[PDB]
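Novice: Next come the chains, spelled out residue by residue.
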Amino acid sequence: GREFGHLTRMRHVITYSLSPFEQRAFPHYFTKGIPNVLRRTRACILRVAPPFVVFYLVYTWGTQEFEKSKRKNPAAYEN
Amino acid sequence: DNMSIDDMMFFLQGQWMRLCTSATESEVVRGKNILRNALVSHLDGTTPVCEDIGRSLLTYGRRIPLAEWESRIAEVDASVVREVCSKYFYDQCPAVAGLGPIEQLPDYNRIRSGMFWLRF
Amino acid sequence: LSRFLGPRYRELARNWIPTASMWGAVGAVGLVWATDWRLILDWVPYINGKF
Amino acid sequence: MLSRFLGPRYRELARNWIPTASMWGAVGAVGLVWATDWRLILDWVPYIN
Amino acid sequence: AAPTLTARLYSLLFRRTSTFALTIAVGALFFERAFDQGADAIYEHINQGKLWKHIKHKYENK
Amino acid sequence: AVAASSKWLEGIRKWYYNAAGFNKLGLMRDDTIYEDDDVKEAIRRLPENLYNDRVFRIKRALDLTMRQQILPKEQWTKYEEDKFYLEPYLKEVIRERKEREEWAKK
Amino acid sequence: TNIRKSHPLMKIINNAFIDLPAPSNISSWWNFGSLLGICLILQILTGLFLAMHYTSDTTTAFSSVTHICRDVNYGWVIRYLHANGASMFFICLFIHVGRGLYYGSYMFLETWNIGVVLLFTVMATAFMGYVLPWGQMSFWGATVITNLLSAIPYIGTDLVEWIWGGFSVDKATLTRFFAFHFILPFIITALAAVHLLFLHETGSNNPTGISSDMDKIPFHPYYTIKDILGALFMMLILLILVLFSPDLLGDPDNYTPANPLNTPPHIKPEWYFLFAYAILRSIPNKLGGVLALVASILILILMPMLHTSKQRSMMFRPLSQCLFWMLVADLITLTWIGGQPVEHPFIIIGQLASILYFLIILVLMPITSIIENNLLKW
Ligand SMILES: CCCCCCCCCCCCCCCCC[C@@H](O)O[C@H](CO[C@H](O)CCCCCCCCCCCCCCC)COP(=O)(O)OCC[N+](C)(C)C
Ligand code: HEM
Ligand code: HEM
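Protein chains in written order, with the authors' numbering: chain z, 2 to 80; chain u, 361 to 480; chain 3, 2 to 52; chain Ad, 1 to 49; chain 1, 2 to 63; chain y, 6 to 111; chain w, 2 to 379.
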């Protein structure tokens with residue numbers, strides 16, 4: 002089939018691993034990731050935020066506006 | 361061959377576990393006899409034994425006499441075999457090396473997975 | 002069917018008995034833990050879920 | 001993109017295979033007339049009832 | 002250095018899978034009762050007085 | 006008809022070159038293109054010296070994204086440096102596909 | 002000799018769930034489809050335990066639901082789990098569609114289409130099961146939504162008469178929906194198996210989008226524990242949303258017994274349909290509202306033909322990704338507009354939201370894909 006035994010050509014690329022037991026699970030797991038998280042963040046907040054903020058603004062836009070077409074009516078309907 | 365890479369492995373680790381649990385004494389004496397033959401076969405000739413003198417001294421010291429070696433082969437029992445094999449084969453981290461192409465060969469954990477039978 | 006019989010097989014079962022017998026004990030006590038079986042829980046000083 | 005189909009050999013295939021298209025389409029039309037009890041075309045044929 | 006109590010504890014129950022399952026079973030049996038009753042007495046303790054089990058006294062044994 | 010303004014085009018294509026993240030992983034532009042079967046056969050056309058380079062770079066990036074950590078700041082590709090090796094291959098694939106189609110239409 | 006390769010069934014599982022080659026660089030988004038696979042069986046057993054009491058009669062059903070919520074031993078948990086759990090199903094399902102669209106796993110055409118048919122199937126099962134509990138929203142909702150097909154110049158009004166089994170909602174129509182509702186999920190299972198069967202023999206997609214055939218990696222050592230962790234955390238989401246937010250997920254009003262007589266103030270359709278229902282507000286002529294309604298789901302099929310940008314994905318292209326987020330935002334729009342009681346500003350916003358909802362993909366995406374191609378010799 003497409004199983005590992007016969008696939009793409011690949012050559013003199015080499016692997017260096019470690020036995021899981023010989024190494025601890027959390028190698029500087031804190032300090033390394035935070036700048037990464039924050040950089041990914043500053044990377045994509047630019048491309049994620051504006052639809053959602055525009056949505057929130059239209060949300061309160063229509064809610065508050067129509068609400069002003071709603072609660073305020075008796076003066077709008079005059080005496 | 362590329363398509364059977366895992367397969368030899370698939371059996372090989374079992375052999376180690378085979379040595380762990382259920383190591384028949386008949387197999388033990390088989391291995392001992394082949395071992396004794398390996399010694400006597402090594403010790404034919406002048407150069408090999410000059411080397412034996414030339415290395416045994418660096419090792420234990422001594423020429424370590426064959427009467428001792430064969431007393432020490434008679435020394436072995438299947439219980440002791442299963443114990444030592446347990447102390448090295450049964451759950452211990454492999455150090456594996458390959459030059460192929462390798463691709464069928466299982467990744468380390470999977471390889472590591474075989475060092476211990478789930479049944480034991 | 003007679004094949005099961007054999008000099009190694011006697012020794013072999015002798016060898017495998019601890020591992021599989023252990024499972025039965027583990028399987029039995031665990032099954033008691035799963036059905037929360039009564040009368041043995043009478044015999045445990047600690048785990049009396051009963052008042 | 002879609003220009004590849006736009007060829008004299010393919011328009012040829014159109015001219016060759018069109019009557020057959022009318023054939024099978026008429027067949028399924030009649031099947032609609034029958035199985036669905038499509039009385040509107042059952043009404044077109046006097047023999048019914 | 003000298004092996005940790007945890008270290009020899011490996012050579013004990015962990016390395017053998019049957020005993021491993023066993024300690025999983027006894028461990029479940031203890032974690033059950035202890036955590037269960039812990040959640041008991043604590044839940045009893047937090048929002049105290051909302052409980053009627055302590056308010057059973059208005060109507061029990063006369 | 007564009008000519009005098011072309012500078013600024015390049016002045017945003019580079020931004021567009023920045024706009025894509027592949028430079029941050031440093032991969033060749035040719036690597037990015039999807040492998041439909043014909044372009045795959047164009048991949049087949051490649052010399053091994055060029056082939057394994059591609060394969061290795063790809064595996065590097067594939068390891069990175071698994072860690073999510075980006076390729077190091079120093080190594081990031083320049084807009085000039087990224088050889089577009091596949092051009093003869095793919096352009097001939099186009100020429101040949103459109104060839105056999107060009108005969109197929111008559 | 003080899004055990005997994007011994008038995009042919011085991012050969013199949015080993016070609017798949019035991020050790021199918023997989024890309025390594027996979028993130029949680031791919032964990033989500035597996036999460037769908039998680040939810041499905043859970044709803045099935047949960048609905049089984051529910052099917053041990055519920056009745057499909059017009060009269061006796063609701064009393065049996067009350068038999069569930071109050072009589073049954075911890076069955077209330079089951080009740081809410083089937084409900085809220087279905088809600089979770091749609092949760093993950095939506096993310097999943099978003100993924101396949103985003104990383105371009107729709108490039109696997111047949112797999113994709115089976116996903117589509119599977120989607121319509123899930124929608125129907127949703128609707129009918131929602132009709133089942135038997136309450137005010139159940140009644141009037143099912144009635145109103147069923148009425149839509151009457152927009153057909155001939156057949157559809159006839160067809161509603163055929164579903165109902167009578168003049169109106171009744172033990173006829175209700176038992177009808179109970180049975181369709183029951184038969185479909187099992188169909189969904191087989192479509193799932195078929196779906197994966199298309200997936201295996203093309204290989205899985207990767208986050209990069211670009212092929213990772215060179216980096217294919219064993220499934221069992223790695224992704225199994227990954228997806229186990231993912232399912233356990235969804236189990237957190239669900240259990241926290243059920244033991245701490247038992248009711249909020251749905252629409253109270255069903256809690257009132259249905260009356261063909263008594264008529265509910267607002268009849269908001271349950272939330273996953275809200276965007277769809279919003280589109281019912283979109284245009285004059287109920288017929289075209291039905292057309293656009295079906296088109297809202299149908300339109301997905303165009304995309305693989307509409308796709309032309311060189312990515313098989315959408316992560317190295319923030320450009321088109323921006324159009325993407327405009328489209329997702331647009332879905333949020335149709336959602337919240339569908340949630341509100343009908344009003345004129347909501348009407349115009351829903352109009353332009355709908356036009357743009359079609360046009361981002363019928364206009365913006367392909368052509369911007371073309372200019373994006375022009376920028377770098379694509
Ligand atoms: C679908 C809808 C949602 C489902 C909701 C359920 C969510 C479940 C999620 C819970 C997570 C379960 C985690 C599984 C734990 C183990 C996973 C696996 O990776 O561990 C293996 C290990 O397996 C475990 O060690 C075996 C433990 C045996 C305990 C069996 C439990 C018995 C339960 C029986 C059911 C009783 C109830 C019956 C009612 C009818 C790998 O072994 P290894 O990492 O290499 O270490 C052991 C190596 N040795 C042998 C050398 C020591
Ligand atoms: C609950 C029913 C479904 C199941 C079991 C199913 C299989 C799920 C799962 C398990 C994956 C594979 C990726 C993974 O989870 O690791 C994905 C296969 C796929 N499904 Fe479905 N699917 C289901 C409903 C849908 C729907 C409605 C669509 C939208 C059209 C869809 C589009 C895909 C795609 C594109 C893949 C290929 C995986 C990939 O390339 O990443 N699926 N989904
Ligand atoms: C994923 C597909 C399914 C969906 C969308 C679905 C609808 C779910 C949901 C939404 C509930 C409704 C609970 C409520 O609204 O209060 C339940 C309706 C129902 N489903 Fe299904 N169902 C699905 C598969 C099944 C299966 C497989 C069974 C039986 C084994 C089943 C038995 C029920 C019952 C009895 C109800 C009505 C429960 C009530 O009155 O609250 N469902 N399920």
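You may find that some hints are simply not true.
[Claimed, not checked] Below, in silico cross-link-like pairs of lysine to any residue (SDA-like), each with a Cα-Cα straight-line distance of 25 Å or less:
id : chain 1 : residue 1 : chain 2 : residue 2
1  : y       : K88       : w       : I164
2  : y       : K64       : z       : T61
3  : 1       : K63       : 1       : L52
[What the hints assert, rightly or not] Pair by pair, the computed Cβ-Cβ distance ranges are:
id : chain 1 : residue 1 : chain 2 : residue 2 : range
4  : Ad      : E12       : w       : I356      : 50 to 56 Å
5  : w       : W379      : 1       : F36       : 46 to 52 Å
6  : y       : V7        : Ad      : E12       : 38 to 44 Å
7  : u       : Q452      : w       : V117      : 31 to 37 Å
8  : y       : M71       : Ad      : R15       : 43 to 49 Å
9  : 1       : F36       : w       : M53       : 42 to 48 Å
[To be verified] A few chain z positions that, by computed beta-carbon distances, are all more than 12 Å from chain y:
id : residue
10 : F5
11 : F53
12 : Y57
13 : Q65
14 : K73
Treat the hints as calculated values from the structure; they're not laboratory data.
Built from N, CA and C at the ideal position, the CB exists for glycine as well.
Novice: Determine for every hint whether it applies to the structure shown.
Specialist: Do the hints match the structure? See the list:
1. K88 (chain y) x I164 (chain w): Given that 25 Å is the threshold and the Cα spacing comes to 64 Å, the pair is violated.
2. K64 (chain y) x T61 (chain z): 48 Å, violated
3. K63 (chain 1) x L52 (chain 1): Status holds; Cα separation ~20 Å.
4. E12 (chain Ad) x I356 (chain w): 50 to 56 Å: For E12 (chain Ad) and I356 (chain w) the Cβ distance comes to about 41 Å; the hint is violated.
5. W379 (chain w) x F36 (chain 1): 46 to 52 Å: 60 Å, violated
6. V7 (chain y) x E12 (chain Ad): 38 to 44 Å: 42 Å, holds
7. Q452 (chain u) x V117 (chain w): 31 to 37 Å: At roughly 51 Å between Cβ atoms, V117 (chain w) and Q452 (chain u) fall outside 31 to 37 Å, so the hint is violated.
8. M71 (chain y) x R15 (chain Ad): 43 to 49 Å: 57 Å, violated
9. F36 (chain 1) x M53 (chain w): 42 to 48 Å: 31 Å, violated
10. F5: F5 (chain z) clear of chain y: closest Cβ-Cβ about 15 Å, beyond 12 Å.
11. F53: Holds: least Cβ distance 21 Å, greater than 12 Å.
12. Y57: 26 Å, holds
13. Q65: About 37 Å separates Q65 (chain z) from the closest Cβ of chain y, which puts it past 12 Å; holds.
14. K73: 47 Å, holds
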